[PDB]
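The data below hold one chain only, encoded as structure tokens and taken in the form solved without the ligand.
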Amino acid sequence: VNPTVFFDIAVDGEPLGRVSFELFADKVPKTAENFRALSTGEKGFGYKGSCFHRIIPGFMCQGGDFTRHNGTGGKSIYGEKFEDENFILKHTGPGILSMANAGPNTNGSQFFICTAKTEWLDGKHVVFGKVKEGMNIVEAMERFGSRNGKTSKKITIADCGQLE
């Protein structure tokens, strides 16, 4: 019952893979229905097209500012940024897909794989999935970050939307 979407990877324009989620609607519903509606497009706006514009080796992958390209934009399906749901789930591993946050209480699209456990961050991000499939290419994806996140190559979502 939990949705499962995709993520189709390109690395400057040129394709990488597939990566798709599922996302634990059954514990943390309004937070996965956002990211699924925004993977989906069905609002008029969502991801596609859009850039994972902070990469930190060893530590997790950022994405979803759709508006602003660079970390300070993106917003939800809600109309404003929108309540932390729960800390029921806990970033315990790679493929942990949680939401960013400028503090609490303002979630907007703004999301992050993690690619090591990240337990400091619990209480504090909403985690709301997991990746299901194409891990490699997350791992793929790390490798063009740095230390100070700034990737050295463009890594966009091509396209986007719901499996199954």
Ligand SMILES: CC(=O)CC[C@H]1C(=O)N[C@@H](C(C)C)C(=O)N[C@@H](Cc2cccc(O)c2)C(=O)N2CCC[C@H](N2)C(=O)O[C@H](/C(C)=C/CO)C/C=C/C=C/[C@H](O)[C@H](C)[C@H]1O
Second form
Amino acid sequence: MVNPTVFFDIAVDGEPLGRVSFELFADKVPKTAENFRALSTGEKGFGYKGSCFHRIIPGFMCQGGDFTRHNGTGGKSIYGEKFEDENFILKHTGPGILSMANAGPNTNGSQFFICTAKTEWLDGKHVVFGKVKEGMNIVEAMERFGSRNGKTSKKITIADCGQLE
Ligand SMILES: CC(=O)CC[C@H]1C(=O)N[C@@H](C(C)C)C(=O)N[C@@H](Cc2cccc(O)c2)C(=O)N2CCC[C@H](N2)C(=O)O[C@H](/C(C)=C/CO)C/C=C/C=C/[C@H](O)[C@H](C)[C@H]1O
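Alongside the form solved without the ligand that was just displayed, please also present the structure of the form deposited with the ligand bound.
So here's everything in the complex, that chain up top.
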């Protein structure tokens, strides 16, 4: 069937910025895609709603997804604290690529990053599972608030999120 579409409504210090939409590559990485989908709807009782982007590096990536500790060290998946690296079929081929952050092999949780460039050296190191479908302009706007070391000058939060059909 068709790949799912989820969206994030982004805010800056509580003020709405816009919506970014993503396609999840469920035909390639079903387990990884399903985790992100369910975390976006909130249907298992926990998820990205209300969490923030803790590390933003202009020209490289925007990372978020820690809804358990809210400091960059937490997050969990719908299957448990960690799940395996499903495969490394997809590559970090350009801006808008959605990939899973990790702390070593087979430690996928909820943290993810959005690529704002093609970065070959990431390949084989992270599982790619989607891409920005619409709202790339919104991702660019979020970048204005990051810095070389990743610390944001303003709170960038996911004010709301879900699935679109
Ligand atoms: C439980 C605990 O305390 C662990 C904290 C530790 C960590 O493992 N954080 C994890 C999260 C997911 C739990 C984490 O986040 N992993 C990074 C690891 C990484 C670092 C550098 C390159 C890389 O490919 C992977 C992760 O998956 N991402 C996604 C891709 C970009 C990368 N973070 C990143 O931010 O790269 C920066 C980069 C390459 C900038 C280039 O300009 C350099 C930052 C390093 C941070 C190190 C932390 O002390 C360590 C991750 C800690 O959080």
